[PDB]
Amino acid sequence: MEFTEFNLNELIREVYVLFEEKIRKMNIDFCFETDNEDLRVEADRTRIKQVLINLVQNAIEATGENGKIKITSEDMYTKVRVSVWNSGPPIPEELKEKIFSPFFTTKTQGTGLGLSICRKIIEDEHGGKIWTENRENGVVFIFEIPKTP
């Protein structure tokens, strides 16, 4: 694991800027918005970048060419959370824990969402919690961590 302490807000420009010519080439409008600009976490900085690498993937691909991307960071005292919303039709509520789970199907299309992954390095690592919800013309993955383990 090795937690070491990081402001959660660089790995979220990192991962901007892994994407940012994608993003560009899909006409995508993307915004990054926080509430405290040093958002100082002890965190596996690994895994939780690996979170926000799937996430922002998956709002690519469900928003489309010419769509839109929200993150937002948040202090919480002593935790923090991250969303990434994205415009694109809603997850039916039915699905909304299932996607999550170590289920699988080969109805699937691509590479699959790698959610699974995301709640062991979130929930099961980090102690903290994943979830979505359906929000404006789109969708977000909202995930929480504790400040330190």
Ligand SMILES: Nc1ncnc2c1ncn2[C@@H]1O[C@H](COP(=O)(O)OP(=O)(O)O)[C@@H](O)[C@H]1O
Second form
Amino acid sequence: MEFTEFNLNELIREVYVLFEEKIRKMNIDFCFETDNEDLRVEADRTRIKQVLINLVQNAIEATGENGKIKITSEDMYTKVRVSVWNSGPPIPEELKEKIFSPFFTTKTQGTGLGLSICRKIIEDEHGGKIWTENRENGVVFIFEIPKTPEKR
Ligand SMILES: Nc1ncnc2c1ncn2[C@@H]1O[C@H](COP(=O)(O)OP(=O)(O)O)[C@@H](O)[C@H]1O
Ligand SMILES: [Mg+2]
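Counterpart to the form solved without the named molecule, namely the form deposited with the named molecule bound:
Every component of the complex follows; first up is the chain already shown.
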């Protein structure tokens, strides 16, 4: 795998632009917030981009027409945090780990791979954490990665 230094917010922009047309067609309200424009990490850019894509795809599918999506990025000094929130029904306790299992899906033509791929990339590849909470009238997926891979 290739690791590079890049601005994580520029990557989020790239993912927004990828989805921009779907978001418009579905009349989804998309919101973005950051506490540091210059959110630089050393990470596997293609794979982190894939995490963002998988989460944003799930958010669109969960929120549906006229829904709402918010992405927040936060500089936490030795690590960065990205949150992808959508308005929609909550995830029950009994599924909060199961949703990350390969092939688990509640969708008719679901792969059930989006989140298992996310977990592999964030946790195994980057040494980070990914989890979900129910917040407001919706669901947030949060990941954190170190700004630089942790020296052994
Ligand atoms: N934003 C979300 N809100 C509610 N449920 C979600 C969300 N994202 C994922 N899920 C649940 O996690 C399951 C697994 O997601 P994923 O691994 O991406 O597979 P797929 O999208 O193909 O079902 C989904 O089928 C859904 O039940
Ligand atoms: Mg998915």
